[PDB]
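Participant: Chain by chain, the residues run as shown.
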Amino acid sequence: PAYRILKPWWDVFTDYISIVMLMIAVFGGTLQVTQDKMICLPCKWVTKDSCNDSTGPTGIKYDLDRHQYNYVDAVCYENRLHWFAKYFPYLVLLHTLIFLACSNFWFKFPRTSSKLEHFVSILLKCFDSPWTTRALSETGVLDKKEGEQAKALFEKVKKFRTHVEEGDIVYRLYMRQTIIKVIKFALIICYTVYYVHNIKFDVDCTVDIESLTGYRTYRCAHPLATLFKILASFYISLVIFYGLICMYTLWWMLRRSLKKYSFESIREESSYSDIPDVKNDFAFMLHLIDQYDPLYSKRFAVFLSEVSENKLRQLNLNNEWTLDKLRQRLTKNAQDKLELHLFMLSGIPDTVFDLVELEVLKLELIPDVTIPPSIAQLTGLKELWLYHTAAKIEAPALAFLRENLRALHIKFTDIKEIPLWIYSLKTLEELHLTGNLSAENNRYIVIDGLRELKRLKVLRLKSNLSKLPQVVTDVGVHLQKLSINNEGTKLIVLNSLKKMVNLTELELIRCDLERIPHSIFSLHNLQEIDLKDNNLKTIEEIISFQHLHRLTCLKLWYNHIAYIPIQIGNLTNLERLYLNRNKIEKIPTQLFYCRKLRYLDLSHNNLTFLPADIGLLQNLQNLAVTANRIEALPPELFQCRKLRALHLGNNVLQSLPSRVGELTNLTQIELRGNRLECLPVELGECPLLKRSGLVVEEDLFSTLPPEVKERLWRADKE
Amino acid sequence: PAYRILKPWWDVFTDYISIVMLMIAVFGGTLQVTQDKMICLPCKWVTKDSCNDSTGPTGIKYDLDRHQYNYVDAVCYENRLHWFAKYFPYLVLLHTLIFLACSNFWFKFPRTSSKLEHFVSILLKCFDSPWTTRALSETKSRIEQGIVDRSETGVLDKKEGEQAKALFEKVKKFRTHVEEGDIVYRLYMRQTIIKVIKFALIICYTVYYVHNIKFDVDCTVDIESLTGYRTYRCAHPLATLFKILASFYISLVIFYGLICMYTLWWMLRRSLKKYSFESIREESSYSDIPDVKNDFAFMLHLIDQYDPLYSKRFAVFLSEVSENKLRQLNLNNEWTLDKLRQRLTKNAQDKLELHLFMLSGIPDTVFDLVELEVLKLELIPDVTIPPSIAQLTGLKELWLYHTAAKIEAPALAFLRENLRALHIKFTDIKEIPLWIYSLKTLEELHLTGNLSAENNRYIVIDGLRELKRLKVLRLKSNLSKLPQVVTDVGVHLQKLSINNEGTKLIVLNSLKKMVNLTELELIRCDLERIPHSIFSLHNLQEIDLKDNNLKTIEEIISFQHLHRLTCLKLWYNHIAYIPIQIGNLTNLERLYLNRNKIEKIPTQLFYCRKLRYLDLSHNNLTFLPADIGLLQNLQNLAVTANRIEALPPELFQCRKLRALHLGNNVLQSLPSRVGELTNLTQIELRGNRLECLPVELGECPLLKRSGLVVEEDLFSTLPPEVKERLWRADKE
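Top to bottom, those sequences are chains A and B. Take the first sequence: its letters are residues 15 to 68, 92 to 176, 230 to 808, numbered as in PDB author numbering. Take the second sequence: its letters are residues 15 to 68, 92 to 176, 216 to 808, numbered as in PDB author numbering.
Since the hints were made in silico from the structure, they are not lab data. Honestly, I wouldn't trust all of these hints.
FRET-style restraints, in silico, Cβ to Cβ [said to hold, decoys possible]:
#, chain 1, residue 1, chain 2, residue 2, range
1, B, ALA497, A, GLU604, 21 to 29 Å
2, A, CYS768, B, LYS589, 40 to 48 Å
3, B, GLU228, A, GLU604, 44 to 52 Å
4, A, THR252, B, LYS216, 28 to 36 Å
5, A, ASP538, B, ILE219, 25 to 33 Å
6, B, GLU220, A, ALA242, 50 to 58 Å
7, A, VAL771, B, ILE582, 53 to 61 Å
8, A, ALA485, B, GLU228, 25 to 33 Å
9, B, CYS280, A, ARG251, 48 to 56 Å
10, A, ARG545, B, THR503, 53 to 61 Å
11, A, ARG251, B, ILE33, 19 to 27 Å
12, B, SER174, A, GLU604, 51 to 59 Å
Some chain B residues well away from chain A (every beta-carbon gap over 12 Å; in silico) [claimed, not checked]:
#, residue
13, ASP67
14, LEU101
15, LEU407
16, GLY751
Distance condition first, Cα-Cα at most 30 Å in a straight line; then the derived DSBU-like pairs of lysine-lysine [unchecked claim]:
#, chain 1, residue 1, chain 2, residue 2
17, B, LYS241, A, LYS162
18, A, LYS506, A, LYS571
19, B, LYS58, B, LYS21
20, B, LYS123, A, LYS501
21, B, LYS123, A, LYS98
22, B, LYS274, B, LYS422
23, B, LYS241, A, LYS249
24, A, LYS676, A, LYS622
25, A, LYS145, B, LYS274
The C-beta atom is built at its ideal place from N, Cα and C for all residues, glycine as well.
Chain A with its partners taken away, still in its complex shape:
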């Protein structure tokens, strides 16, 4: 089987010694059974209960028959022959049996037999493991299944180490076996040496049988005495060898202190400092194997180490996410940037850094990531997204990011999930925070390091804030763009916003303002204002926007704005005006004094008509009145020569005015959902219009002339 490896040289020697001892026991026993004779002749002249030893010679006549001789031989054997000379083979058999019991007690004892078989099974599967030879040769692609096997093997070795290190049972069994062997060898050597001299050939008995034989004493020969003395001396030699071997084993056990196995030699040779010392009953079996072979312990150490487990995980990951699969999976975001999205992986594959074309890296739900120093290979990396993925960084990686990272996106479920090293970056221009960070009695404590971003320009917060933090006010002295998305939670300004005089784009989305704060007018460099979803109802404060001489875009959409103040005519610099999803029912004529206007979106309002002053907007380029009650478009609308789009969908339009063809810059027109009976023939004289550009019901489109329809199909096809 496989138990030949748990036997050291000394156990093998003792096994063979016990076999030889058992052989001489059986030989002596069969002799003592089949011959076992004394031959006793009476002595006629007796001196002090001893034989006096005092025409040719004639034989002496004792007048004894065969049966009287048999009786005296039996009596003198029973009484005067020494018990050693008679029972030597049975003593030898008993001693060899109890020696074999001491040897195999731990093999037959189930409590330790289970441990030994488990240990040998695990060691066997580690020795033949394909990853062992690979890892020791390396000092590269593998099967996924074999990697799963190796991971299961690491878990198995973890369980084995947990179960065994508390044992202290196999070691105690071996120690007690060897102690018993030593004491028994000492005792048997003692008594056997003391008594081997009583195996004499010639014996004398004075057995007091004279009423049965007439003679007092007898002189007897024990023919098997010399063979038995030879066998006994051979046995004392064998027991001496057995005892020397057992004393060596006892000294080895008492010397090495095998409750602790250092294991550090291989951990230094193969450079695995994460190979700790194994404890009692786990050190011992390793020592026994080391006696058989250190190679098995070498193959076991790699599965016992922690760093090798990490390398195995990395190799499985590289097998799972190769360079080809990653490059094929590479996509582009909406920002015309090359980005890679890693979602729910055990770690960062080491092959992602061989794609030097990357610019944005997204790490979402990747547990316990360490930012490898290999990120230096990503020369062109500009944005790193850490979504529910806290990153532990090293000094080289931190130094690289301090000079190569321009935008950082952090989405966290908890304060602790925010890396603390991200603030130390100095070239960082964009910080995107997405998560609730409000705290009680320690509000705005985590992000105090925000001031350290001296190059910061874009700061977007989506953080359930109830007031603009003071640290943000300090860091805003160098900001260009601000974006706060409280998700409906009210935000308080209270004169904490005017310090960002360099701010040029301010967004207060879902901040529940309920009224435009006066602090917005103190940002004279502001160029875009986005106040989406703030429950605004009165926007008469826009008269103060004349202070902002550089205001070009106004997004007041997604509010409950009931009316457009006529004071909106004073915002002469407006080019984009977004007002959709509001309660506006009519368009004041003052709104058309903003001649520079280019984007005018008034969708999803309660409008019914367009004032004729819409022809004043020569720079109109987009017009969205989607989902309105616009009965008919005034012909003055077509005075907007460069109108490049028209969103009239979901209206109550009766007939499309025929002047639609004059819009030669018209590229996209939407008309779906209208009660439009007929289509104009002048729709066919828009050079840039295609069938995709025109949005209208197919059955209504069937009303257009075949020439116009064919021309539109030809333009849309190519």
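Position chain B relative to chain A; hints supplied.
Facilitator: What follows is chain B alone, placed relative to chain A:
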């Protein structure tokens, strides 16, 4: 083979001691067979029927032959040698053989042999199954909001998953088979009791009789006619060795008896008819392992004495948590991405839909479908929303039908950022997840199921105020009064829909604050009267009052306040008549009055020239006023199930009347002006008292056979040109 697991250490010790005792039995037996001697010499001087024991020495002459000595020694061996000395090895052989038979009966007896081999086979195949190590390795505001901690997942082979499923099934069957027997345990108990009583008997008698093995024996056998002597003194040369063997045997049996006493003490103190399993599950948290009944706890106790490792490798397969987890893995393997994509359908709103019904859980691979739009979950129990749901970028609606689902922080954040609609249907308040009030981008909430309770009403929905982006709120909960939170949150609601399914709803001045509302629905509210709070909603456009048991709808005069009221459904009521005040609502476009008790149509109804839909199905109308042709924009006119015997010719002035429904009427004959309606597309005519269809019916440019719903007897009257044209139009 694999039976070594059964025997504890005392069993092995007894087996080895029995081997030793059998060895000494065979040794003593061959000694007694091959030597078996008494060496006897006559006693010349005899005192009290016994030996007296009283020019150099000379031998004593008895004048006996060798054969006379053989005879006397044979007789003295037969008679005066103690029976114990003669038959001790045979008694030892008998006792050791019966000890071995007692040990091995439960293995050789087929009734218990089959049970033992079945248990060992199943235990071995559950030891070799790899699911065990994986199971072993698997190991405030946040708690009360359905937020659960992260749990890891893996991928397992389909073949090994099926093997583990079959192994769970086989272990179930075997436990059922074994729970009733209690035969192996009884046989083992009887074997141990026999062993102990036999030990007691043999120790007692052997120790009593061992003193009769003497070397020197006196026999007075009464053979004087054959030898001339009365008494003899004999030597038994095997007596001392037999005494050594006998005392060695009593020492061995003392060891055997102490071992068996300890074994019986253990088997009585332990109470091993039931298996506890408390430590493994109390540490590793797998409480779905019930205690074990008879004949299946005894074998596990044996295993525990041998090795607890097998006990755990079996406990994992006997647990129910593990079975459900393996079921999850098998369901993951079964519902492959191709299967789910083939299962994907599109709901009425042209959205890709996945409706899961009666599954043990949400398959982990439903979240690899990037095109999924609506996820419907019905009758899926004790399920967790995994963080992998964040891959469903296009997911907009989540339907939780009788499903209480817990969520994790990543999935909760993703849904809070992405989820638009939520359908909650519950028979219990606790089945409503409490994390649904933290979805701050939610826009459309459908509450289905009774929610009100005594002394604690309208407190679970106290969290609706946190849904700051809610627009569509559907309340189908048998409300006896509109909850205060609904009034508070309705300031930004754009559509409120209530379905009391027969319960009377009292608005009681709680509806005039939702000035942003544009659609109001009160279905089966049993109002029996239009509440005056509706007319204060100056932004309303659609008002539905279905199944309110309305009788008089003269309240519609106040609808002139609503300056954008386009659709107004009053269907499924007891409305006896249409008040003439319905003409003041010139902005009406859709008007529904079907399933009512209307008998006549006022002429003032045709002052609404913006009307486009006029459905009067299932009424007692008998004629149509001539002003019906004034509504130039009417497009759908259904008068199904009425008493319209004839249609006015002015009705065909509505040239854009796309569809008609004149079925189930008493129409005597179809007017010839039916061809004037150029835009007619779908006209229903089944159920009328018509005889012949008009020829002018076929001149409609767009009407097809699909749009001409009529009986075949009437349809047979069309000219064959008309029939062929309709068939061709239906084909194309």
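Participant: Decide, hint by hint, whether the structure agrees.
Facilitator: Taking the hints in turn, this is what the structure says about them:
| no. | hint | result |
| --- | --- | --- |
| 1 | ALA497(B) / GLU604(A): 21 to 29 Å | holds (27 Å) |
| 2 | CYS768(A) / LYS589(B): 40 to 48 Å | holds (45 Å) |
| 3 | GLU228(B) / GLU604(A): 44 to 52 Å | holds (45 Å) |
| 4 | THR252(A) / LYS216(B): 28 to 36 Å | holds (32 Å) |
| 5 | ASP538(A) / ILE219(B): 25 to 33 Å | holds (30 Å) |
| 6 | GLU220(B) / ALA242(A): 50 to 58 Å | violated (38 Å) |
| 7 | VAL771(A) / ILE582(B): 53 to 61 Å | holds (59 Å) |
| 8 | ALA485(A) / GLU228(B): 25 to 33 Å | holds (31 Å) |
| 9 | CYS280(B) / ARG251(A): 48 to 56 Å | holds (52 Å) |
| 10 | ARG545(A) / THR503(B): 53 to 61 Å | holds (58 Å) |
| 11 | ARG251(A) / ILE33(B): 19 to 27 Å | violated (38 Å) |
| 12 | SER174(B) / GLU604(A): 51 to 59 Å | holds (54 Å) |
| 13 | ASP67 | violated (5 Å) |
| 14 | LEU101 | violated (7 Å) |
| 15 | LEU407 | holds (19 Å) |
| 16 | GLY751 | holds (20 Å) |
| 17 | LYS241(B) / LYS162(A) | holds (27 Å) |
| 18 | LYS506(A) / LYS571(A) | holds (27 Å) |
| 19 | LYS58(B) / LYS21(B) | violated (62 Å) |
| 20 | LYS123(B) / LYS501(A) | violated (96 Å) |
| 21 | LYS123(B) / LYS98(A) | violated (37 Å) |
| 22 | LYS274(B) / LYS422(B) | violated (81 Å) |
| 23 | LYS241(B) / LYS249(A) | holds (25 Å) |
| 24 | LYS676(A) / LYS622(A) | holds (21 Å) |
| 25 | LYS145(A) / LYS274(B) | holds (26 Å) |
When the structure is compared with the earlier hints, violations turn up for hints 6, 11, 13, 14, 19, 20, 21 and 22 and for no others.
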